[PDB]
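Taking the form deposited without this ligand, here's one chain by itself in structure tokens.
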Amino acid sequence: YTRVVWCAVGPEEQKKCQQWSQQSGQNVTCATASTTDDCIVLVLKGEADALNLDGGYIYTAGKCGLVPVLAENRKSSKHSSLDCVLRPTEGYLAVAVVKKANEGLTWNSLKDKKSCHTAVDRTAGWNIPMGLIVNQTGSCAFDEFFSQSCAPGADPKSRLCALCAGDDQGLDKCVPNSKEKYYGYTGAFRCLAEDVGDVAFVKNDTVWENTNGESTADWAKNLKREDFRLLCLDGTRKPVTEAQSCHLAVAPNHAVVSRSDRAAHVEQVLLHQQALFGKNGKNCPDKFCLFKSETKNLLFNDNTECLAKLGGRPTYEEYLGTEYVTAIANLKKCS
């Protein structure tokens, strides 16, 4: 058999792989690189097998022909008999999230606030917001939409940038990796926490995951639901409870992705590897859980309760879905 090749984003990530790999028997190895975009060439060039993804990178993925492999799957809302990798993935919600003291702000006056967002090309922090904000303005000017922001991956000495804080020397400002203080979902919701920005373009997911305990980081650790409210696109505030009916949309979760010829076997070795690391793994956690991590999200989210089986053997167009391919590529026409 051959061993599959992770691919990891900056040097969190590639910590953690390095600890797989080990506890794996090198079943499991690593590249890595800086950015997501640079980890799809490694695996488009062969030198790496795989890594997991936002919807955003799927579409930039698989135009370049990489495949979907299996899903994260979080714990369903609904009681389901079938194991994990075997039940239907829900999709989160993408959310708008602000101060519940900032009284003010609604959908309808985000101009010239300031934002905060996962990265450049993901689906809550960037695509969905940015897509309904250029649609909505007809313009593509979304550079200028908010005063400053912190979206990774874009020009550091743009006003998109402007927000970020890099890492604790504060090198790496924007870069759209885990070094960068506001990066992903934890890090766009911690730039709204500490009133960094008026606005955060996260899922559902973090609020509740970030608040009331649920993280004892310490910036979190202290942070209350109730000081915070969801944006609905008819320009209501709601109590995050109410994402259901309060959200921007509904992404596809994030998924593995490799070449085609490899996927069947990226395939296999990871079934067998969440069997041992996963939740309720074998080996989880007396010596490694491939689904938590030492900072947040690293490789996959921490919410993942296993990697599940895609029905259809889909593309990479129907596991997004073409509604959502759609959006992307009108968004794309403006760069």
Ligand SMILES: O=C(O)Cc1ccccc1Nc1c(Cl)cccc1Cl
The other form holds:
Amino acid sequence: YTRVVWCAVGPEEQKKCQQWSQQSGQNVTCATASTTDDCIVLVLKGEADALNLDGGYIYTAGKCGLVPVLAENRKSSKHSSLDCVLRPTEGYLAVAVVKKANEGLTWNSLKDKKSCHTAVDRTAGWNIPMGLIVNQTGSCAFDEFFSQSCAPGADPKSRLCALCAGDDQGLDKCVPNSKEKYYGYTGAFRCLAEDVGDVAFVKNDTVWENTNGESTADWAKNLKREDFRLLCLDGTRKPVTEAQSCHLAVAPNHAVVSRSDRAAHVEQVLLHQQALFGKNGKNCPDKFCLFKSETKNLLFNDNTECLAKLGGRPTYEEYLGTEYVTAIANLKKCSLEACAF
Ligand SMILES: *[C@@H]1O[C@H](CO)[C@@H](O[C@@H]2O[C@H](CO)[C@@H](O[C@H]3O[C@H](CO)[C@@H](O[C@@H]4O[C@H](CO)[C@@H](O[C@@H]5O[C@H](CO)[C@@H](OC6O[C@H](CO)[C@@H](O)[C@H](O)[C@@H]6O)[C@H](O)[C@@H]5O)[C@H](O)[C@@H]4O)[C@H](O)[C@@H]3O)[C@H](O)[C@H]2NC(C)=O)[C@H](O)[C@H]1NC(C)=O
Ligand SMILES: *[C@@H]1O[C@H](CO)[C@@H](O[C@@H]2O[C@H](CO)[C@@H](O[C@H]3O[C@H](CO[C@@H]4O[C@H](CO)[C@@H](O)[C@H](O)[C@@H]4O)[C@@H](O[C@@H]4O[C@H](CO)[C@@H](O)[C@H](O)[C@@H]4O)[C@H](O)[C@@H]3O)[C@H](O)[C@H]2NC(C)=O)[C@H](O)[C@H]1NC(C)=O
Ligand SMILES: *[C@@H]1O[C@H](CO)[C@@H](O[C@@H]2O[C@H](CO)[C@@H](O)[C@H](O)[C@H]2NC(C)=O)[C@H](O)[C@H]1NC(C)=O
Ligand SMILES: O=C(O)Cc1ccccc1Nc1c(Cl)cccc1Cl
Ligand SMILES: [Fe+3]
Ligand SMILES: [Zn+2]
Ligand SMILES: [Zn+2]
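Target state, the form deposited with this ligand bound; input state, the form deposited without this ligand:
Once more the chain from above appears, this time first in line as the rest of the complex follows.
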């Protein structure tokens, strides 16, 4: 049989991947790139097999021919008799979060404020909110909407990167990988928590997972849910308990992608790997946990219960949903067809 070559984005993911590789007895090995797009390119070249992707990245990967293989499944809201691997996924809720103390800030007063985004091209952090903003403003100048932002992946000298902080050494400012302090769900939420930005574009889970003791991180350990509010599209503000009635969109879950000709093998290997290292896997937590990384969401989101089988052998467009695909396409007209590589 063949090894599966995972692609890790940045050095922290690479360290975790290397641990996984060792524990997997080399059934999984690691390639690494500086950005998700570069990992997608390694896979396109056949120099890596697979990685787990946010839905926007799935769009990029899908235009280039890669296919969804298995999806992140978090704990469900409702009892299900089904095994996690066979439980239909529920998408996650993309939200716009602000501080309660920032009174009078609403969806309709976002112009000229400071924003924190997971990364350019990601679902909750970018495609959904910027797509909505472009539409409502009738303008493609989304790079001039917020006074300053951290939007990892943007031009580092631009306003879209002005709030990004890079690493310990201040290096890698605005890179779209975990070195950047404010990268990803957790980074963008931290950007809001520290009042670097006025608004964070993340998902509902992020708020809950980093407040009220759920995170022991120095920056998060003392945060309280009641100190945050969600911005609803109708211009109201709601407590973070009201995400189901105050979100920007329902996002398709992050999912593993690969070339078609490697998909069945990547799938088989991952199903076995999670049986070993997944949530209440045979050798997790004793040996290694594939879905933990000290609330850093490395390789997979830390709230992943399992990678689940897809229904109906879906194309990337079916997986993302026609709604979301068209929204991405419309936004991309600002900055239809074909691989971006
Ligand atoms: C924003 O993001 C947040 C972070 O992810 C989300 O919060 C997380 O949400 C999950 C669940 O959705 C939450 O859940 C965990 O909770 C427990 C462990 O704490 C887990 O175990 C349970 O699973 C069972 C199945 O769903 C449930 O068991 C019961 O339900 C029945 C029926 O109601 C009851 O039985 C009865 O009692 C009533 C009384 O009259 C009677 O009707 C009946 O006759 C019946 O006999 C029992 O009371 C019992 O509750 C139980 O609900 C629970 O789900 C669960 O699966 C998860 O592990 C996480 O704790 C939570 N995380 C944090 C940090 O808070 C938000 O949900 C999300 N918001 C939105 C809107 O999406
Ligand atoms: C920014 O603004 C943009 C411009 O409006 C937004 O893009 C547009 O988004 C719309 C919503 O996605 C498109 O509308 C489409 O809606 C139709 C119906 O879709 C279905 O849902 C029903 C009900 O569940 C189902 O039956 C079905 O399975 C679909 O899921 C589309 O389809 C039609 O199909 C039916 C039969 O199924 C048929 O009767 C019709 O003839 C028709 O073919 C329809 O074709 C639409 O695409 C808009 O087209 C789209 N506009 C543009 C210009 O592209 C964008 O979302 C905004 N961005 C954000 C972030 O909000
Ligand atoms: C690495 O992968 C190999 C191949 O799938 C695994 O070995 C297989 O294990 C299953 C269960 O033991 C057996 O049915 C097969 O016969 C084995 N195949 C071969 C050729 O060895 C192995 O368990 C995996 N190891 C880890 C740690 O992931
Ligand atoms: O119309 C479509 O193409 C897809 C569609 C419509 C309504 C509800 C869900 C979905 N698709 C969908 C699928 Cl099939 C998987 C994961 C996430 C999503 Cl949003
Ligand atoms: Fe996402
Ligand atoms: Zn909704
Ligand atoms: Zn299909």
